[PDB]
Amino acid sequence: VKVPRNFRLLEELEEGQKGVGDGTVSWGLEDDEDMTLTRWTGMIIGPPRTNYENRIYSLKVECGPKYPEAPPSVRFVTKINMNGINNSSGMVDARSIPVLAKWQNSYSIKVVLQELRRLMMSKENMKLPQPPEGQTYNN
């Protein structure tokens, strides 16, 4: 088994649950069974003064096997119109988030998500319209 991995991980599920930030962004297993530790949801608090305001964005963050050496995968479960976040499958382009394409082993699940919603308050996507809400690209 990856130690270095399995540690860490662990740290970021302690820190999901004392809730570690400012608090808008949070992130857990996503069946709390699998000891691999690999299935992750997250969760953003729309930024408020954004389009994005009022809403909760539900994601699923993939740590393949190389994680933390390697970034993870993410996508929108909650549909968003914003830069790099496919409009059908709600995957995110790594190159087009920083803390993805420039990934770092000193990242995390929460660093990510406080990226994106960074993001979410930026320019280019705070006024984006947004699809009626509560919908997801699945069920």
Contents of the next structure:
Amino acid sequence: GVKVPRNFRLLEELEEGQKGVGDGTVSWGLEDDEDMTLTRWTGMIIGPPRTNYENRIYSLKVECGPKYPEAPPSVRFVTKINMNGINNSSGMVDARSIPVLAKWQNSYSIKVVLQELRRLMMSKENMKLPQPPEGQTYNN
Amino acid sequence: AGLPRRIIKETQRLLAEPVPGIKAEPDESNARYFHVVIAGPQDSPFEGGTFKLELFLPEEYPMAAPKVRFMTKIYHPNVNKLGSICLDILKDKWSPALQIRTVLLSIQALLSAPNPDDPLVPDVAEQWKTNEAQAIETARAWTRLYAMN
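Given the form deposited without the partner chain above, I would also like to look at the protein as it appears in the form deposited with the partner chain bound.
Everything in the complex follows now, all chains and molecules, and the chain you saw is the first one.
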């Protein structure tokens, strides 16, 4: 059961982010290209079609703490969004409300988190929510 | 149960027989992960500095290369902004006959003899190529700023 240390796992994620995955509807990379701790990431999600998120690009901040990937990362939207599980004033993602975070496993990754959030944007309870104007961002 | 014999031996040989200018500590949780400190080599602009390096022995070691990375910021044409090391024996010239000891000395040798001609990094290499005196002074500056505590 050979565990890959945090820093080497995050280097694998960096390489995968640079190569891209799937159809490119989520992407991720380091927020600061000199951050040797590989802690702060920028996430991107393309809002899915036939939802009120469609044709919008969402930017997020993903923080991988000292216990990642044994522990889930923290996530917040920078782009404003009305979505269950996202605090509509700060953009913080409530881990208890997002199944991949609430039931985190060490096999998960930044890619999996972003793909889950994009999948949840298609849910009956999110896809119809009226959205803030495009382009707005939270403070901080 | 347990580590392969080779890894038991190589883990152990360190503590009984440290490499000159290099210290290692085991990670508190992961028996294949080590926290290394490399002294800047004698007569280099890194001399007097100490540089953190992390080392991991993956599942397929020694068929697979050990993974290493600097965790101290260093101005060197073969080390990038994230500490990744461009060294042949870490990729494509790895062979199971090689040992951790030899990898560490080879990294010391890289610090002692930078190679701007075949550079990771071209920003730093270009500086080392075209204004080597300034590049060496900058390497010393970064040693002062990042590698003295």
